[PDB]
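**Student:** The primary structure of each chain is shown beneath.
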Amino acid sequence: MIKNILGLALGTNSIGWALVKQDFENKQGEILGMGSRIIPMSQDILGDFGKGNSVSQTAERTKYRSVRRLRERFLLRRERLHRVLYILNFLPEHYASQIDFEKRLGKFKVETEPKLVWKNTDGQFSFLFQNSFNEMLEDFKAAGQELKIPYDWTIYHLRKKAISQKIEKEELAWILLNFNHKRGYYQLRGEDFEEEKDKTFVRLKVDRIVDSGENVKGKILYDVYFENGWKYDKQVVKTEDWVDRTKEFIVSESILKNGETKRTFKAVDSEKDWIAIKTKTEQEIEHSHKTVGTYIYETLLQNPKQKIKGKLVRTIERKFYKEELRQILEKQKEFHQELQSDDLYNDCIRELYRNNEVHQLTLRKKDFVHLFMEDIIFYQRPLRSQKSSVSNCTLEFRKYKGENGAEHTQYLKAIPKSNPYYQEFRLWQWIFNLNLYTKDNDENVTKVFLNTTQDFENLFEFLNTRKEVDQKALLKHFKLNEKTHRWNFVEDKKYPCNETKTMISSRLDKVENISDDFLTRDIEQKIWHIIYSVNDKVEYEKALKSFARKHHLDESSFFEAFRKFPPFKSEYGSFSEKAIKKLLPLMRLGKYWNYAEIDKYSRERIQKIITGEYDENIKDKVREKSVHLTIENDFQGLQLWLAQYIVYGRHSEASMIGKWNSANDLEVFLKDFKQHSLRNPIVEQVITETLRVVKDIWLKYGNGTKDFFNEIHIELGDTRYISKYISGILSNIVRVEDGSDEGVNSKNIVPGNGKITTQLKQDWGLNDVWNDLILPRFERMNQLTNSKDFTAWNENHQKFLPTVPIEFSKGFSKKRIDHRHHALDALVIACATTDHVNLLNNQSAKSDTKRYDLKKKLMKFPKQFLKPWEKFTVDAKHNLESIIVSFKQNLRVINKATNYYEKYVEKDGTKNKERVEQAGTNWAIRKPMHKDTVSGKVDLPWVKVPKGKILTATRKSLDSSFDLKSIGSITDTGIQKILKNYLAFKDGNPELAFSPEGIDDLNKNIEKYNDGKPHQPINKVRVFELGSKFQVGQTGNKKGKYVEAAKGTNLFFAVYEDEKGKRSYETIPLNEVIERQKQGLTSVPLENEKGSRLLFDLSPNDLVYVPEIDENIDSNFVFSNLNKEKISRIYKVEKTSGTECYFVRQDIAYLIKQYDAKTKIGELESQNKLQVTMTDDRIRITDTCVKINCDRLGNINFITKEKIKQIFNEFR
Amino acid sequence: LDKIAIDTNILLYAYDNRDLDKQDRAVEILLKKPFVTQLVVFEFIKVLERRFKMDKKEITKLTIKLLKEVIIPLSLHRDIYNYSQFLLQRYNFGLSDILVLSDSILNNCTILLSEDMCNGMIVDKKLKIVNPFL
Ligand SMILES: [Mg+2]
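Those sequence lines, one after another, are chains A and H.
For the first sequence, the residue numbers in the deposited numbering are 1 to 717, 930 to 1073, 1092 to 1442.
For the second sequence, the residue numbers in the deposited numbering are 3 to 136.
Chain A extracted, bound-state conformation:
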């Protein structure tokens, strides 16, 4: 009779709502309201989520956290090294003097930057290792290149020297710290592959390409021949890049069973591929048969100018560093008695593990070599347990009373899919589900060859001995043939067949020297537990050895067979082991079918169902399905559903329907919603904001009255999966409980489609309404363009319609340049009755009489569809011109954070490791504080610096992008002159001048451009800039780092006005906001130093109103009479810099034409937004604007008498 309709259009980041109260029978209706909620994503995310490349904030947060964690681990390693070296007394006196060892153990003292190889006295820095430096001078002299070297090259020479000679304790400290500082690549899992692992990187030149006669697609392919006698396995087509060329590949040789190597080939590129560089350095170290440090040395010996880090040896295996460091420690351990002492080794162990008795006792049995290698420097933590995220069993529950005086339920974790119980359960399911078919008459030959229990028992026993059943094996088991029969499933697919038991049997037969009775169910379960539980290589070896020792078996080949056991695949079942253990006795048949192993509950239920009595848990469905279970023996060869109902008492998953009696249920569900519970964050945030807006609309227009909504319609417009979820969520409101509306989704939810939307928009005049509404931007565009092409006249409607020139029609779309199309689509979906969508989806009728009634009732004769009521167009246009858009804001600067760290707490006279919350208050900054690139402060006499600005410079690589002015923007004047000379010699052509070959030519002939004076080669130059960059920090060298404000952190823009009326504007940096909010103050200062009271602050996506020039708004208030002009004079803050604030008309979503540098024409000039009003008046908005705040539903909120009453009625 009277219907309430809620149409929702959910975009990628926008939500359009429309609530309407209508009467269809009388063609009478009025619109209750509509609105648009915009979640602000930039165009980058919109263009990226179609494909997806780290499209999440949590992803970058995790990246930063991981980087910080690695840094902290390195610092902890250094701290432990300092403590150990101090307690052993190996460090130099001055170095040990500047490190705390009482409160902040192992950390440098405040405002200290000590160095191991440099001593400070009366402002002079002196080297510490003079004799070693002289020794390296003598080497070079033997090499005979130069006598000039930095004092800090000695580290590599001494690293080589410790291999066969004694050096000082400070030498050992320096080498150990250097090794800590550079660990190397490593893989924790291990699981050693094929015995070869060749992967050898070689560079081979093709000799000839004999034609192989492979004519494919009109082209004959050749082969590849190398000097060594190798051939590329893949074919070659183009001969231009393969004849007599040196081609390099990483090649792996695998010994096949036939007895010959199966060499693999893969293209690699020098100094461009990480694996290629790694392997090249690996081989270069390997064929030298020397330590990596020694290799670096020798390279330094050959060429002193060779850079080491990042270029010569970047990535190699950690085992090389391990080998070198062991060698040096075992060499030095002889000379230094301290490395063989025991009092110092107990003292250092106690220092490291004072509160750990166990680790102290364990490590008291090792030597210093183990501490330096395997406990401090090269220790790598194992992976954190991932079992916490495993899903819960849906059948087994536990009830317990907690400390909170209640009784709640803990779930059971899912059984691993590798569990032999689960494997057996799945195999039983497949064996019971098998039904056979023939090929001649295609009859169901099953139940003939599989009728008695003996056949099923034989099939099970046959399938135990295999790992994977298929067509051939299944057919041969019955002596059948491929040409005559099938098994109702894919003829070329294989299914799991409990491979764990077969693999265990194969290994236990390979070990031999035992009887064929060691393997049983208990042994299989214990083997599964041993392999799956111990996920660590050495501990797996120990567990296997212990298992072989306890049982009376020879540990000779069993260990070899079981050491290469493949780690089990990461997968878990739906249920747990408890459910499978309960259910399995029921399914089995024959000797495996037993009534004793069944528990009390299932046995009693079976007795009740065979007795035929009445239980409160038995329905007529049960007696319908289980009428064939007359005797207790008939429970043979059961299936999952019947056995599940027998065990637990519920038939499958019927859900709980669900009904929400008011917004209390919806807000409870929103509060209890779990984050990261969807595929991607965008969808979950869209759904959450949809729930928020529907909650707000129900609260407002229902006034706490249940069942206010009657129908809800959903339109979507990659995003397809959200439809079913949102329908399931929203079903819980207008579901009908009488039984006429049952199922997964309510019949009330009527999804829409683009077809009905566009049809109704064109037929009902809404397209014309949209076009006339969006015209004003178009004639403004015509005026600024000085052309009439943007509006084209038409005589069929006799008016001007929007149009675009073809060059600007690439991604042009009329409907997408205003935030109100969402509300318009919500309105059209709302009034779209289910008859409309049913008719447009079922146009094929097969009879005119069936649908002619709908043709008459919905369509005005097949020409145009009827309007819902007389005043549809007028009301729609008025409401669209009288709506304001509400934007979600993100202003999180700081937030409270909780830190839980492990510590040995003293309780009940004993020490126990446990979690402790960090004391005090620790805020967490919720925005990036600055940009990544760091600039240093420099001064230049030849540049005039205005006050309030500083000169800052940073390094940049040299490339062709350097022009004359760029050279003029370099800190080093001599470099400027040399570059000018070279560019002059290059005729002022930056492209050809600054090519890498040209850069090398400059470097080698640098005398020709520095007037014959020597100068070092040029690769990077420090370019300067006069600006205002703040400091990163205030302690240590953090004062020497200057950075720029990060993107999207100019959140607050303050507008003050002095006593006489003048308005002043400032921008508050994020640092000031952080400090003010930490102190408990407000974000923006209440009073600028100028002596002006603060009118208001502005944030991105804020709303302001600009009064007309003639009118004066001082205490107007009255923000309910919002007509066309007042709403059209509402602007939104977009960005801010200094005293400049940029606004955009609130209804503008996408500019008609963006700004370009060539033609220099744009809808909103170069900044794509104006500091002033867009209209002809061109008045600076900030001088007269007034801030406006709105709720989610786009309703303006202003003070009232009741609000003033309540604001301190609440404190009473």
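Hints are computed from structural coordinates only; laboratory data are not their basis.
Wrong hints could be hidden among the right ones.
If you anchor each label on the Cβ, the simulated ranges turn out as follows [claimed, not checked]: (1) H:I124 / A:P1158: 29 to 39 Å; (2) H:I124 / A:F1438: 46 to 56 Å; (3) H:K128 / A:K1174: 48 to 58 Å; (4) H:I124 / A:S66: 34 to 44 Å; (5) A:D1344 / H:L136: 52 to 62 Å; (6) A:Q187 / H:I124: 28 to 38 Å; (7) A:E539 / H:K128: 47 to 57 Å; (8) H:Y93 / A:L1325: 30 to 40 Å; (9) A:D1344 / H:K63: 33 to 43 Å; (10) A:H94 / H:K128: 45 to 55 Å; (11) A:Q685 / H:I74: 24 to 34 Å; (12) H:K128 / A:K1126: 18 to 28 Å; (13) A:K1126 / H:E30: 40 to 50 Å; (14) H:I124 / A:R1156: 26 to 36 Å.
A virtual CB, placed ideally from N, CA and C, is assigned to each residue, including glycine.
Once you have looked at the hints, place chain H with the ligand on chain A.
**Tutor:** This is chain H with the ligand only, laid out in the frame that chain A set:
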């Protein structure tokens, strides 16, 4: 090297002469040109009018002379109320005392020469309360 502020009791002991030694201490403190917050001035005026029953004109003359010569008044800060709310979370003093502390701290004062304020502990790691009569 560090700013100094005073509490109303310092002025009261400077004026009242019932205990001469504390009066001498207060006078000595006032000799160093200490800063003062307007709330202290208003409390002093209220006490003089109420406790000591001096008439309005002489009280105003005394206040004007003191502000012109002896002590430096501190401009009232706009963030006094928010900071006073923040200070109440950790410290349990009187509300007027909290306001005095907030206005002193917001003006970069590092010492608050007071007596009835449990001298000794730092306040927000920015200001400390010192009893000069001990
Ligand atoms: Mg007081």
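**Student:** Confirm or reject each hint.
**Tutor:** Quick rundown of the hints versus the structure:
no., hint, in the structure
1, H:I124 / A:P1158: 29 to 39 Å, "holds, 33 Å"
2, H:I124 / A:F1438: 46 to 56 Å, "violated, 35 Å"
3, H:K128 / A:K1174: 48 to 58 Å, "violated, 40 Å"
4, H:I124 / A:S66: 34 to 44 Å, "holds, 38 Å"
5, A:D1344 / H:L136: 52 to 62 Å, "holds, 56 Å"
6, A:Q187 / H:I124: 28 to 38 Å, "violated, 52 Å"
7, A:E539 / H:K128: 47 to 57 Å, "holds, 55 Å"
8, H:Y93 / A:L1325: 30 to 40 Å, "holds, 33 Å"
9, A:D1344 / H:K63: 33 to 43 Å, "holds, 41 Å"
10, A:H94 / H:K128: 45 to 55 Å, "violated, 36 Å"
11, A:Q685 / H:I74: 24 to 34 Å, "violated, 55 Å"
12, H:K128 / A:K1126: 18 to 28 Å, "holds, 22 Å"
13, A:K1126 / H:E30: 40 to 50 Å, "holds, 46 Å"
14, H:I124 / A:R1156: 26 to 36 Å, "holds, 29 Å"
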